[PDB]
Amino acid sequence: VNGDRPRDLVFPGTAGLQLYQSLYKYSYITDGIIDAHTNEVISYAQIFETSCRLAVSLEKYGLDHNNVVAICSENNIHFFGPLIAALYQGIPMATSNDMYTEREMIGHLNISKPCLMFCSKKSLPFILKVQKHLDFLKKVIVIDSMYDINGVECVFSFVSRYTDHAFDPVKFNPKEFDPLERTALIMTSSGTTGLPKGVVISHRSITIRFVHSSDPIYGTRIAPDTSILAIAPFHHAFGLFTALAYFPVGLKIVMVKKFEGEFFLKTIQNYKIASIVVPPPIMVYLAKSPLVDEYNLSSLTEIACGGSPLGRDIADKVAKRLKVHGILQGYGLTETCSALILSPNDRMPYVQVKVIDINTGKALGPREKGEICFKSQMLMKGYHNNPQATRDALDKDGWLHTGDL
Amino acid sequence: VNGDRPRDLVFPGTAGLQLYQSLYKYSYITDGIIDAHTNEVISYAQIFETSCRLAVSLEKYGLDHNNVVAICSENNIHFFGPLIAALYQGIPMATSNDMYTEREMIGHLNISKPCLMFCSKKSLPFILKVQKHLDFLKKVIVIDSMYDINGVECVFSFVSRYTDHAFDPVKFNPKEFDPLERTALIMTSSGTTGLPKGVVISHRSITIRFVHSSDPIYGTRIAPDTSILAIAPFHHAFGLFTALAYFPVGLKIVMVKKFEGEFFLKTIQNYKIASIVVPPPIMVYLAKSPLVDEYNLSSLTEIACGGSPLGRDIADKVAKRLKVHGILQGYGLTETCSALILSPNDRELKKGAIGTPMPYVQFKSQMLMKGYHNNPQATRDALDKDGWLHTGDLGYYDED
Amino acid sequence: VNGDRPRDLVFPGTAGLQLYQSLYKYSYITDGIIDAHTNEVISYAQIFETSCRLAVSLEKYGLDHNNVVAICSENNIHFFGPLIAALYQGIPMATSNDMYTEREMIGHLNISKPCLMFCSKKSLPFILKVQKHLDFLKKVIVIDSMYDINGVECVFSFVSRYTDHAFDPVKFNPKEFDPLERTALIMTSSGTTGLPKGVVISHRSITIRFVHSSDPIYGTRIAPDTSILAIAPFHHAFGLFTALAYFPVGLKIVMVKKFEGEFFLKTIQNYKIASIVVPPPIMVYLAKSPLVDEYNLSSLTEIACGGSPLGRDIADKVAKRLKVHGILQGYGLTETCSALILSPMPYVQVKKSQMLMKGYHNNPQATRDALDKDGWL
Amino acid sequence: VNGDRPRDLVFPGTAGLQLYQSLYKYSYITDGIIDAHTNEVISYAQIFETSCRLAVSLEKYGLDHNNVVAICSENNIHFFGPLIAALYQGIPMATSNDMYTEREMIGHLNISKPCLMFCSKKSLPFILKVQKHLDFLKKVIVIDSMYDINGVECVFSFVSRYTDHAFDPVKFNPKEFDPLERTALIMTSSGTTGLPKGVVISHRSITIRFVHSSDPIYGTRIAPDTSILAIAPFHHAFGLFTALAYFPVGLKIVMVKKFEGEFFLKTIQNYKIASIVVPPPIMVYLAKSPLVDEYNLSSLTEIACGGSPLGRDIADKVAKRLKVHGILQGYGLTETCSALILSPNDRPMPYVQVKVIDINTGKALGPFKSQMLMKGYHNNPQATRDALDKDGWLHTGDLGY
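Residue numbers (PDB author numbering), protein chains in the order written: chain B, 7 to 353, 364 to 421; chain H, 7 to 368, 390 to 427; chain A, 7 to 349, 363 to 370, 391 to 416; chain G, 7 to 353, 363 to 382, 390 to 423.
In short, the hints are calculated from the structure, not lab data.
In this text, a Cβ means the ideal position worked out from N, Cα and C, and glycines have one as well.
Take the hints with a grain of salt, since some may be wrong.
[What the hints assert, rightly or not] Okay, derived cross-link-like pairs now, BS3-like style, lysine-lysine, Cα gap no bigger than 27 Å in a straight line: (1) H:127 to H:66; (2) H:177 to B:391; (3) G:177 to G:264; (4) B:294 to B:326; (5) G:135 to G:119; (6) H:323 to H:357; (7) H:177 to B:177; (8) B:264 to B:329; (9) G:326 to H:278; (10) A:272 to B:323; (11) H:294 to G:329; (12) H:127 to A:272; (13) B:128 to B:181; (14) H:264 to H:356; (15) H:135 to H:264; (16) H:294 to G:177; (17) A:177 to B:294; (18) A:177 to B:326.
[To be verified] What follows is a list of derived Cβ distance ranges for each label pair: (19) G:304 to B:332: 36 to 44 Å; (20) H:322 to G:316: 38 to 46 Å; (21) H:179 to B:403: 34 to 42 Å; (22) G:316 to H:141: 49 to 57 Å; (23) H:322 to A:173: 50 to 58 Å; (24) A:171 to G:369: 50 to 58 Å.
When you get a sec, could you build the whole thing from the sequences and use the hints?
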């Protein structure tokens, strides 16, 4: 019923302050994020600057918390500028699956109804196309161009309009607000209902997530200035949050878009990557590989998942094959931010579990093992413009009703 | 007039709570502190337990913030148990020069008047001899023995009376209190005037000193589970606070009592030492020794020097010798958490540790003595309104 | 017919004195035993002190040769404190299988009927239950705790009642007695039949066993301050005597409780271990399982066995695999202390030895059946 | 004072018994002793065989303890055959300075009056000349020849005369005798009294010396099958006892004959030498500048001295120089066998005790008695009575310290 004792106390403020501080702190990291496919690089100090300027720009452009902005890109090195900026101001951000149907995108976007949309070069036509069908979508800004594209502004142009040459990110202040109430992200999944909906994620969810990535047992124990590999889609809770927690711990990131097979091996070997986070299919590819042994995976200290590899000893397959310690396992994870109670190689902080009282509602003891429920500040505050599914998923007094006994 | 923007926000809580979490987190670090002369080792987890138990024990024994405890030991690996425990509770701790004369010692102990005293085996006869002369000095506990010594209790014995086999430091909570008001340490040093006097250190001073050791520019940049070398007396502010800040970063510590430079290098090379904090004399020996090139100091990434301005410029010399980025330290001014204004990892070196003021520092910092103990007139002499200190004369700023 | 001329003359005194001297001699070995699962370490100097204090404490507590003490623990680094201390005093020790049923344990302890029992934290509940059934089992002491457990004392508490801060193991003397008559251990096996009997092992068996571990042909040739691996139960004669012989040679011991896996390989590799003694199953696994090749067994110079592997030439294979030419046979009767034939054995004759069982305990004239009227088998 | 508790209990039997077992044990050591000047090598097993055969031969030839044999050789790898054989049987051995004048040699030999003399080829002419003057010297045997030399027998010829092809050292038994009474060696000192005398060394002295060579604090902590350098004369107590204690420990010996020069610097590196023993003069030359920078401290773990060091404090100098944990200095006078004082691993040997020697009478004072001490001088009861007291104590030469 109570979880473990946090080894790092949750940052009391907003997610933006933690990130801002993390970027000011680790500014000296030159190999900040690298595009494995194009060898393009970005330094922490670049991101620091870009996010701060963009925050100011978003403000002076005239947006506040009652607004909502959106980003739509494939895994991209410039994904994080706008995201962190929105967190600075406290403007809720909505991520978008870069591979949606036109139909899907219009639905998804009709949930949060963003006034501003950031997107990649690659995604730009799609987004203009869709923008025709939504009257609320005022501005679109391209994230990986230094020049405007057919009248569509790029982040640089935009930011230039609102900040000068002498701007200093160090003299910048992120807004302050209740991290438990203020929506950081509005992410969208499909449930049993089969309708899109769209999930609210508070800042405090993120700062707790950060505690976890810091935990020496259930998190990463990798030292700063060390390369990790990011592959999961940044528009999923998995990819976004696992990637976001890279900055406060100060890790160098090498980034891969989709699978590509063995490319995702060339990369580990060649960048000397220490940790990898990966979904189950990647893990099974790891267990069962036609001559994986042609690459020198020797740097791979840590391996992690998020999708539950049911069994068939795949965690063992990967543990034994690559000389890596036990792999993070236990408990199946939900879209709300996923990671909840699990076990290293032994054989969750800010998280509770509830067992007593099938037809009642108050107890504090984990003895008999009846029905199970969850209460953490890291949980979705609910779905967006749909007060109904929020109550059906999470109850009347803050607990969340899981499913089994 | 202002210091650099803090790269890590100061821990809002207690100095003891930050240390508690630090020991909780880095518990896995074996070889926590190593006694270089005797290869005795204490693990982060040992220290966690012993500080927690001892904390409990001080409480049940009946001590609170209106009380005061003391420690007197040479650099000893068991030094930090009583110290961190006292920080856990909010019992003010007074460190003592293990090399005092009886008269000096009774003076020092008569300032803070501690009711309980922790000490080394080595310091024990002296403390007993001294205790005779003090009616306030009720209890003595030995820190580096597993057995009682002629009826004088040891930390194990004391702790067993009040804690069982089933004790879990993880289920322990340090007390909560405004870290800004509660005296952490009362340290002793004279100079001005002449009499000894006794300096007050609040908790948040320690918490700020912790952000400083964390700073990537003015602080250490070494990763946890890597060995650092501590030599300064733990009873002086420089040595204490420098050693205290080792735990929150998760550094493995190799600790040495006396100098005798030969063995010093033996240890750097054999323990693979990455950083050094050091007083000027050992710094000058570093430049001007032949034996330097007999040892493999190749491990020495970072080097630091407090305690003195190293007079002329022996820094450049040593930096070059031991192929280090250049060592660049500051003027620890007063017994107010030692360090206060340092030397940059990305800037001109000019002349003198002028540079740019540390975070949370203007002098007006929360890191300054809160005044010194029960002597209001000279506290008034040094510190006024709005809590400024202006002693060293001088007057050269130059941006910045 | 005779065995090879000894090379090292058997230490004429008691087994305890040879152990005392050996722990004194080394002591500088700071990594005496390591708990492979926990990195817990105890130095030869710690074992020296704790065995001397515990010895003393046993004496003042009031135990002598007419008594019997017992131990029940899984392989534990604190196992050898109680054991050597008894050996110091001349108190016979009874090792006990930590994995016994209550029924089995009660049988075993009813053989020797020890008045005092040492045990691990792990064994403690079991031992208290078993103690309920035995009127002779007066006291229990826990070995791997620095704190007392619900009124059950731990070795520190016990040695503290009877020794001060000022105690010096160097000024301690172990007792003297004809090592040839004084029972060191009472170990328990099934053999002559299927029922429980209890094997008497004299001090002089241990001193001869010590000779064997010293022999440059049949024993190890590894120099002190080098790591060796212990896996066998300390409560079987095999594991005990193999581990006891580590101290006089001054080897660092890395010890593992349960058998085994890749953790065994990781540890050989990471602790850089030079020798292994092992039961047939580990040999047959180390023959097969391919993981042998991704780990660095570079340092594994010597390998030994002891429960006849010669069944399908499994040794041949393993010798070749690792770069270790030659392998140590190992003959196993528990009654024969340890091994008595390998590629003979000094102080041994065949058709026997002083290293041979002295008989079964108290009233078991199965001894007459097992050992004849002029010492042979 | 009492000194330290022996970390190894002294072997109770004879020196020849402990040496016998040590050679059977370490038989497998091929590079047993090496001549640095000739690269000639002798294996532990060769010495095991040669000493056992030779003992048997000495017996059948008809010698017992009432006899006394002598050896005269420069540092020679074949030196230890006669010596260990004499120890096996309990025949007292008298080593002789290979560089004596005829006068001196006739004196030295007139002390112990030995019936049989082993010597090297180099020493043979000298010894025959000297034998002319002594009625008691019946036989001479050459130690480093495989052939007889003008009718003078070599060890081989001799041993063949008395043992066959089927001889097995492993079925050999050395004699049993009180290791406390039986003279092992009779060596000749330079007793500034105005006369040389013959110092008696019991077996028990040797077995104790063996204890010391085993002590992990005061002795060698180097593992078997490791090369050490022997340089001191085997006829001084220094060279003999230090060399002898190499066998029980199973060390490889690299040996150099006379003084040194650079022909000493070369050898450590080339042979990968781990330990060194040297007289004070060699250490004061270790305080010079012959670099010739051969990575020699890559093996030179331990260094030892003994005769009269310190002086200008060359200890520290040499210790920190080629990197040693502080070097082992050793006070002993030949009457003491070897060292009876020494230096640990932090900055009064086992079976050795120490006291103050009130000049008047006293016998107390405030802030040596060992079983390792000479059993007296030879056929000279008066100097014997003067050096060791009537409760066994012996006066150094000099108060202190």
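Going through the hints against the structure:
1. H:127 to H:66: 25 Å, holds
2. H:177 to B:391: 21 Å, holds
3. G:177 to G:264: 38 Å, violated
4. B:294 to B:326: Distance ~12 Å between residue 294 of chain B and residue 326 of chain B Cα, so the pair holds.
5. G:135 to G:119: With a Cα-Cα distance of about 16 Å, the restraint between residue 135 of chain G and residue 119 of chain G holds, given a limit of 27 Å.
6. H:323 to H:357: 14 Å, holds
7. H:177 to B:177: This hinted pair is violated, its Cα atoms lying about 41 Å apart.
8. B:264 to B:329: Judged against 27 Å, a Cα distance of about 25 Å means the pair holds.
9. G:326 to H:278: Measuring from Cα to Cα gives roughly 20 Å; hence the hint holds.
10. A:272 to B:323: Between residue 272 of chain A and residue 323 of chain B the Cα gap is close to 17 Å, so the pair holds against 27 Å.
11. H:294 to G:329: 19 Å, holds
12. H:127 to A:272: 41 Å, violated
13. B:128 to B:181: 32 Å, violated
14. H:264 to H:356: Violated - the C-alpha atoms of residue 356 of chain H and residue 264 of chain H are around 34 Å apart, more than 27 Å.
15. H:135 to H:264: 25 Å, holds
16. H:294 to G:177: 65 Å, violated
17. A:177 to B:294: 64 Å, violated
18. A:177 to B:326: 52 Å, violated
19. G:304 to B:332: 36 to 44 Å: This hint holds: roughly 42 Å between Cβ atoms.
20. H:322 to G:316: 38 to 46 Å: 41 Å, holds
21. H:179 to B:403: 34 to 42 Å: With Cβ atoms ~39 Å apart, the hint holds.
22. G:316 to H:141: 49 to 57 Å: 53 Å, holds
23. H:322 to A:173: 50 to 58 Å: Distance hint for residue 322 of chain H, residue 173 of chain A holds at roughly 54 Å.
24. A:171 to G:369: 50 to 58 Å: 29 Å, violated
Violation of the numbered hints given earlier is confined to hints 3, 7, 12, 13, 14, 16, 17, 18, 24; the remaining hints are satisfied by the structure.
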